[PDB]
Amino acid sequence: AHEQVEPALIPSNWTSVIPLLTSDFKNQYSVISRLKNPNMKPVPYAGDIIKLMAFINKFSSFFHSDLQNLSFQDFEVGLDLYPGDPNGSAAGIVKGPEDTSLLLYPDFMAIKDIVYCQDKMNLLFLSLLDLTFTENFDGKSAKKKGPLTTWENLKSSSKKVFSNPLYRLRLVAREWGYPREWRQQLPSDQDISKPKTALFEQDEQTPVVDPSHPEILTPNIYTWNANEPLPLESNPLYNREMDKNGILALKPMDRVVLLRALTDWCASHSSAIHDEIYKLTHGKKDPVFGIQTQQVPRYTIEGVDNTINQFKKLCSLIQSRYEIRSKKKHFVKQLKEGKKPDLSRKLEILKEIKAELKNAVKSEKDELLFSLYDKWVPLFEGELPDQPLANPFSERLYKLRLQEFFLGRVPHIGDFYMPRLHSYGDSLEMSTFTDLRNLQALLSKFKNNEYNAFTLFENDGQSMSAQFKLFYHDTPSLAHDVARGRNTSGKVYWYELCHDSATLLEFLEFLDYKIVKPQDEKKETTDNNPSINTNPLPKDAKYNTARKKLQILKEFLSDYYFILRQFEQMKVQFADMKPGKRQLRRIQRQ
Amino acid sequence: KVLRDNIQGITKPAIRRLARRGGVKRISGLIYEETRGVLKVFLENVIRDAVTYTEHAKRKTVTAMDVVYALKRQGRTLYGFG
Amino acid sequence: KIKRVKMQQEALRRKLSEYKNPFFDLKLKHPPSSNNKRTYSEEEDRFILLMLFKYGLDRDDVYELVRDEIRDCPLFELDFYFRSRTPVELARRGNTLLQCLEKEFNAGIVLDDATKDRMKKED
Amino acid sequence: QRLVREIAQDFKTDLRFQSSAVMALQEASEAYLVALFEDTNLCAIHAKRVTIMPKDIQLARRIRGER
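Just so you know, the protein sequences line up as chains U, B, V and A, in that order. According to the authors' numbering, the stretch in the first sequence is residues 134 to 657, 678 to 743, in order. Here the authors' numbering runs 19 ahead of the position in the second sequence, where the first position is 1. Here the authors' numbering runs 952 ahead of the position in the third sequence, where the first position is 1. Here the authors' numbering runs 67 ahead of the position in the fourth sequence, where the first position is 1.
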């Protein structure tokens, strides 16, 4: 209008790299496990592990470096959990096509490694006990610096380090609250929390001796039906072995439960971290778009292709906006007295690049964004402080609320989870968690495999979690249950997709079927589908954008596959800290 | 089935028994772990090469001859075992 | 103060009986916020008030109880801020929103709160 | 015997053991240990004390020349 007025970069559409998920998208029924296939496994215990890991990631400064490269598999083998069972762990895993026996991890891999993992989980357990209870000297203590627990600390001569913390914990636990599975659940289906236990009100006080106040503040009161914990002997907490034995004295699932619990009260009471988190998240700033629990990067929710299309559209619009901004009457007349240095350097450099970019052609129009993102960041000062396409993993405001092993949201299905490792402070050298540009660049370096296993571990690959798995989460069904009455006490919403490269390609194969748009909508994606995997989605145009995201993630997974299998072999090559110099002399000798 | 952590099965009273039979009167508390590690080392070397004999023998049962051969090669020839 | 919860009992009776899918329908933008770093988003709080009132205004232990649900809610275990908030602080929030619906319904709570009739006067 | 089994786990799986072998293992062990401590006492006595300390142990081990 005035000077083709600066098109307002509305935060709603033009965020930082950080959108939200709002968790109410599937208000319509989407419960069908049509995505089921042979390469799906019921894992009742995963998301618990997930919270474990994400917590550990956000608290890197608190934790040992050996903790920093831990993986899902570490915990599986170390904690003795096998997938398959809707009821916990399918004890043992069958091997090959048929198996009368089951793999029985020790009978399946080198045992020192299993021992090694177990020691890690004992170490983390002890460390968590410390962080919960070494709080008498809160946060800063005589041994202030570093994680509170070390290898020698567990390998110390106390021989029963677990004793006193266990004592402290069984003291504070009864009042700190219990999980359902460690609650003495009601046999009496009458002392539901909602009603009460017994009728303490023998009778209502109808004949008030004070008729002047017929109102009664004691109409009908009861005895209270608080949930109870188990008996102490029925409390696995009261099993003496952990004092010396450590965490490996239980049923596996119970171990899981106690770990989740230890995380629970650590977050609720480890006053150092407990204040630290609130300092970090409830400082003097709110989300750029509005306060919300769960958020992801932009390309994670939309994909590289659509986000770069929309952000090229954004780039063109905002470049025109800047050109408007400089030669603007009030702006010009306030420029000569120099309002802001950014309002000077930005304007001059944006003019030079308008000259050099009107030279750039429309085919170069798309490329100029990705070539000039380096100089483009300093442009966004008066604009959003962070790019609509920026690095999420540099924000102390989008730090607590962030979930990262999310890998994709898909309509009528749910969400796709990729626990890979820590990406905060430490573990950034090849951290897969980064800005879309340099992320895809690193992917490029590993499709052409410029960097390999030796380079991979030379560049902090040992502090890089070696292995992985792949999971899908059914948000629609669980949210529907929650908003519809809590049918669950032990129902499952996590399923496994692929643990390794071979299964990775298997599932890529299987998912390309889903990405096949419903040509069966004009029928008359594979055969034998109503039996083992519902490849043909129900015939409609609902999945069009769903399949766009599906193709996008297929792309993502192909891109990942290179580096993922590269780690998969780097570990095999370089599991042990070894003077690989002689290993390279192997090649130079040949 | 797995095994672990019997290095603690070497008790302090046994340790100080050995020390006494060695003619030592007074002992640091730090000695025990030191000893356990050193013993770990010794035992590892000896078992290692003993096994080495075992496999090249294509057997699946460690024999006392393999054991004696190993410590004799080390330099502590043990008599009394053929 | 005891009565204060009584019509708050009444007040929340209204709303949880009032909306149809309050976990996706509810509105408290009459008192959006007094003076706050407005950390808990609405639908989070919709659950809790749904959970608080599905207990009801027990004025005894609910804040203890919902923590357990937050300890146990599959969707709500996912927040960590929901955990480093003990029922003590949960009061601060919970009362606030009690007050928020209170102030939203301050023209609607007393609509069925403070009138009692007697035998011999037409009302 | 259990320590024997644990350590030997590492190199090959599912090994069997002569009990006689177990014995031979031990005698070798304790004799070696004995020589170790007696030298350790030599260290301590030359060091003008009567309580043994690990530095003596390690220094003797340095002397004999096992690295």
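By construction, these hints were calculated from the structure, which means they are not laboratory data. Each residue gets a CB set at the ideal place from its N, CA and C atoms; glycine is no exception. Don't take every hint at face value.
[To be verified] With a Cα cut of at most 20 Å, we get these calculated EDC-like pairs of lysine to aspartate or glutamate:
| # | chain 1 | residue 1 | chain 2 | residue 2 |
| --- | --- | --- | --- | --- |
| 1 | B | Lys20 | U | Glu348 |
| 2 | U | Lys327 | V | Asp977 |
| 3 | V | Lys953 | V | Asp1012 |
| 4 | V | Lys953 | U | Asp240 |
[What the hints assert, rightly or not] A few chain B residues facing chain U, derived, Cβ under 8 Å:
| # | residue |
| --- | --- |
| 5 | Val21 |
| 6 | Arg23 |
| 7 | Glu52 |
Given the hinted pair U/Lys327 and V/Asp977, is their Cα-Cα distance within 20 Å?
violated (24 Å)
Pairwise hint evaluation, U/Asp240 against V/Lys953, where the allowed Cα distance is 20 Å at most:
violated (67 Å)
Agreement of hint B/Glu52 with chain U interface, Cβ distance less than 8 Å:
Holds. Min distance 6 Å.
Restraint status (C-alpha distance of V/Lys953 to V/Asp1012 at most 20 Å)
holds (13 Å)
The hint names B/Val21 as touching chain U; please verify it with the least Cβ-Cβ distance against 8 Å.
Holds, because the Cβ-Cβ distance from B/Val21 to chain U comes to roughly 5 Å (cut-off 8 Å).
Assess, step by step, whether the Cα of B/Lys20 is no farther than 20 Å from the Cα of U/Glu348, and give holds or violated.
violated (72 Å)
Under 8 Å, Cβ to Cβ, is where B/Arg23 needs to be relative to chain U, so tell me if that hint holds or is violated.
Cβ of B/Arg23 sits 6 Å from chain U, so the hint holds.
Comparing the model with each numbered hint stated earlier shows that hints 1, 2, 4 do not hold.
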